[PDB]
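S.K.: Now for the letters of each chain:
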Amino acid sequence: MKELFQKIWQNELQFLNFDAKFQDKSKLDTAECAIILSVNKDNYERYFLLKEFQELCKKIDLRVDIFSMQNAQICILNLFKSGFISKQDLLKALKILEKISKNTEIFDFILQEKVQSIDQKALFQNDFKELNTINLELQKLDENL
Amino acid sequence: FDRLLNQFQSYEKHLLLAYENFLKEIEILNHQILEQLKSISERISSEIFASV
Amino acid sequence: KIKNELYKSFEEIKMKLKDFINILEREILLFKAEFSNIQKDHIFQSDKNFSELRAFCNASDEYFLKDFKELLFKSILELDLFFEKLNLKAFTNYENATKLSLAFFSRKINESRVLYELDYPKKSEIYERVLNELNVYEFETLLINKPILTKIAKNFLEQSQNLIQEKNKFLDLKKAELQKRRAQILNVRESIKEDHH
Amino acid sequence: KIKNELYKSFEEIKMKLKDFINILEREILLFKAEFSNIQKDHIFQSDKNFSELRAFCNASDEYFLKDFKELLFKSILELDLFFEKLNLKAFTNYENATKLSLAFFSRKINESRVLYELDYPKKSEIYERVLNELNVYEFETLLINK
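Chains as they are written, first to last, in the authors' numbering: chain A, 1 to 141, 144 to 147; chain B, 305 to 356; chain C, 408 to 526, 534 to 611; chain D, 408 to 526, 534 to 560.
Calculated directly from the structure, the hints in this document are not laboratory data. If a hint is listed, it holds; no wrong ones were tucked in.
Dumping the calculated SDA-like pairs for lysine to any residue here, alpha-carbon to alpha-carbon at most 20 Å:
no.	chain 1	residue 1	chain 2	residue 2
1	C	581	B	311
2	C	581	C	469
3	C	473	C	430
4	D	425	C	480
5	C	492	D	503
6	B	328	C	486
7	D	476	D	436
8	D	476	C	477
9	C	447	A	56
10	C	492	C	561
11	C	560	C	494
12	C	481	D	484
13	D	476	C	483
14	A	102	A	32
15	C	492	B	334
16	A	58	C	457
17	D	425	C	483
18	B	342	C	507
19	B	317	C	425
20	C	481	C	430
21	C	568	C	428
22	D	506	D	538
23	C	425	D	473
24	C	492	D	488
25	C	455	D	442
26	B	342	C	542
27	A	59	A	75
28	C	515	D	503
29	C	481	D	485
Please model the entire structure based on the sequences and the hints provided.
M.R.: Right, here's the structure in full:
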């Protein structure tokens with residue numbers, strides 16, 4: 001997807017590592033992801049000057065520099081592939097944001113992309129039985147608890 | 305700046321690690337080249353002998 | 408086929424050195440990419456400080472990378488020259504070695520013949543002579559006694575370590591600069607916190 | 408002496424290329440030195456603009472100089488390889504060329520001799543043979559044709 005980032009960061013594209021080194025995966029929700037993706041090189045100065053956008057990035061633990069924005073976009077897209085958090089609803093959010101940012105490129109890339117294994121309810125059962133095991137271990141070691 | 309320094313030291317350590325295998329391979333290549341030379345010389349000596 | 412094998416081996420060694428340089432390069436360029444654009448968060452954070460940091464990390468290619476590249480290029484040059492020497496004295500001049508040793512043995516044979524008083535070639539002698547013609551004493555010295563490839567590699571490692579040390583000192587300069595400011599701030603803080611005196 | 412002369416000539420060519428690179432380098436580095444530190448004059452000038460200029464001109468080594476140096480190094484490598492070829496095929500193998508052509512003419516002389524039955535080297539032939547041994551067709555091609 002280096003061609004995509006070349007398309008959306010025409011000259012300001014930086015030397016960056018295309019992988020989601022995301023450490024939380026829940027750092028930001030889908031609307032926030034769509035906003036971060038809509039920081040195309042033509043809106044980036046306005047976004048960085050917007051107080052609300054600065055608040056948002058401080059909430060997400062971002063800077064307002066070019067490099068961190070692009071790195072966050074990389075991580076968002078790789079989560080969109082691998083951990084597969086977004087749906088067509090992320091595309092919904094980008095269409096909503098098109099009021100400001102006519103970001104057709106990332107829109108199409110998210111549309112036309114082999115998504116991934118989905119795996120939802122198996123993961124739900126796995127996490128729930130993890131929590132059950134933790135509850136049992138807590139019960140092992144007090145009667146009121 | 306500390307991060308940059310640590311990255312440099314990490315690169316140094318990686319070089320030190322890899323040079324074990326790298327130097328052993330280079331030694332092996334030295335010996336290979338020598339023995340290829342000697343094999344060529346053996347062939348040429350055999351064929352010089354043939355035409356006596 | 409032997410010559411092509413050795414050529415591929417030389418290319419492999421060159422590729423390994425190049426890969427080392429590429430590793431370091433990618434790390435350094437990621438550093439530049441991050442800190443050429445780092446911006447201050449909230450006021451009172453000395454805009455000039457951040458600007459200077461950005462400029463420095465921007466030129467960090469010059470600062471940290473090109474010397475390594477030059478060292479790599481020098482090593483590649485030396486490797487290529489050594490391979491050329493091996494090619495042109497041994498793996499191309501085998502025909503000439505054959506002709507020289509063959510004619511020498513012929514002349515020796517005829518010298519033996521011209522003793523018409525009844526008063534001839536061993537294979538070991540032929541092997542030794544062809545070995546000498548193929549320059550295998552010289553290449554024995556360069557491959558075993560004074561290994562050329564090994565010396566090149568060790569030079570690369572030692573010079574890269576020296577370069578890393580130089581870079582470390584250079585960065586310690588920046589850290590001392592920061593230490594100055596830090597000490598000033600701590601002086602002010604201790605003055606404020608010990609004014610109940 | 409001939410070999411040393413040619414070596415010095417090769418070094419001279421390399422030095423000329425290096426001097427070209429040095430010219431360009433000195434100009435570029437002076438540009439960097441001036442404009443890595445240019446500071447704004449008046450209240451209404453864009454401090455950020457000047458900061459970005461300073462960073463850009465600071466990286467101007469990367470931007471404008473290193474490619475030229477790489478090209479120079481490649482050229483130097485090619486020159487050195489060519490000189491080594493000339494050395495190892497011609498200006499060191501003159502002894503071997505002598506031995507080869509000498510033994511060849513000796514064997515031809517003896518071949519002429521063994522035609523008994525009441526049935534030798536000309537200088538032009540010897541010159542041509544020694545010329546071929548010194549690879550002077552190859553080096554004529556590399557020095558004049560190509």
